[PDB]
Amino acid sequence: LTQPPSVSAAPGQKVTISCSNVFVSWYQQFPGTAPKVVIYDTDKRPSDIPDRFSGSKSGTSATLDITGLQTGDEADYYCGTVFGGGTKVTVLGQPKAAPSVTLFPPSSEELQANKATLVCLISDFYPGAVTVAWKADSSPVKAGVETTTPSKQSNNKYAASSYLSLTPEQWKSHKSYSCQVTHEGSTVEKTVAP
Amino acid sequence: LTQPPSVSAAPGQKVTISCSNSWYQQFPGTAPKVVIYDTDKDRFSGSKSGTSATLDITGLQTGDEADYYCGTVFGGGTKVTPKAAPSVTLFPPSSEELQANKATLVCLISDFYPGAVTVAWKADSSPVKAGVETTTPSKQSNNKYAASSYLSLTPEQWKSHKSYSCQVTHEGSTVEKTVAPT
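Protein chains in written order, with PDB author numbering: chain A, 4 to 25, 29 to 87, 96 to 208; chain B, 4 to 24, 31 to 50, 57 to 87, 96 to 104, 109 to 209.
For the record, the hints were derived by calculation from the structure and aren't laboratory data. Note that the Cβ used here is the ideal one computed from N, Cα and C, for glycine as well. Watch out, some of these pointers could steer you wrong.
[Claimed, not checked] Using C-beta positions, here's what the derived DEER-type ranges look like: (1) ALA127(A) to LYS156(B): 28 to 36 Å; (2) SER179(B) to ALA127(A): 24 to 32 Å; (3) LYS50(A) to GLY65(B): 26 to 34 Å; (4) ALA127(A) to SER152(B): 20 to 28 Å; (5) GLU183(B) to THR73(A): 50 to 58 Å.
Here chain A stands alone, though its shape is the one from the complex:
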């Protein structure tokens, strides 16, 4: 049912993806490509796939293990009984970098037009997997939220943006609005107010 959004490691190290709340199959899926069974029935692996891939189960959670990591393994990994969330595996080729989070309020022009949009610019982060959560007066918000998918920049780090669309009164009613971004277990929150 639930897996980390991202797992990363240097081009030789071990990656361990964890599927939680559970026979478990693991499917590897490259962009455009169909998902393919990397491991079936907890630990049994198909032929043609390398020895590097191994499946395990501890308690309520089952794990996928990738040893001798290589750029070829850079993919989205899903667990299945239904499917889990998905884990993006990254083969680290540069120092990890925490995103810089810049939260912008609606301009005087946008409000003058009876529109309101908050923009949370997330930039300079590697690996390219981030989680974004909005909060209106310390209370979560998922309605109105729209997030860009990470994109490799000029410096090889990634950049994305999340925006919240609101009514000018919604903006003025709450004393605050926050943008929480999560990158490799490191969370950074920024707030903006009228």
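Following the hints, position chain B against chain A.
Then chain B, alone, in the frame of chain A:
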């Protein structure tokens, strides 16, 4: 398992997907979701004759535009395939940011179809490329696209010029918005 790489249709009609020798729907950036299970099982048909299995989309909506796979091992995949102008929104540097002696402008491009755009910045009609990054489009919830561009400046490099502007091109049309230090 074999499948037609792509199947085209018109909104309000029907579309067919064949699988040779369970059906799953996959939108970008998400896991697949079991639509029909064991030729029977959110209302579409998944009936089959001979060595092949077909999946039919009853009401051809826009929220059904996804990759469809079949299983027993997954089929190769089949991608099931009205113009909207981009909404360009320009933001000045945050009052918070200028107190940290940094400054960034964000050009937010949204609610557009098809998902392909171009960007160009200006600092009083003089085009600038210095510290400009543009993100790649992504299909938002309303089926139309979103992408953003940003310009990194110094608090003085922003307050020196009278105005700043991004210029967004999309299907031969061009949108330009302007911001000036307050």
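Index of numbered hints that the structure contradicts, given in increasing order: The structure breaks none of the hints.
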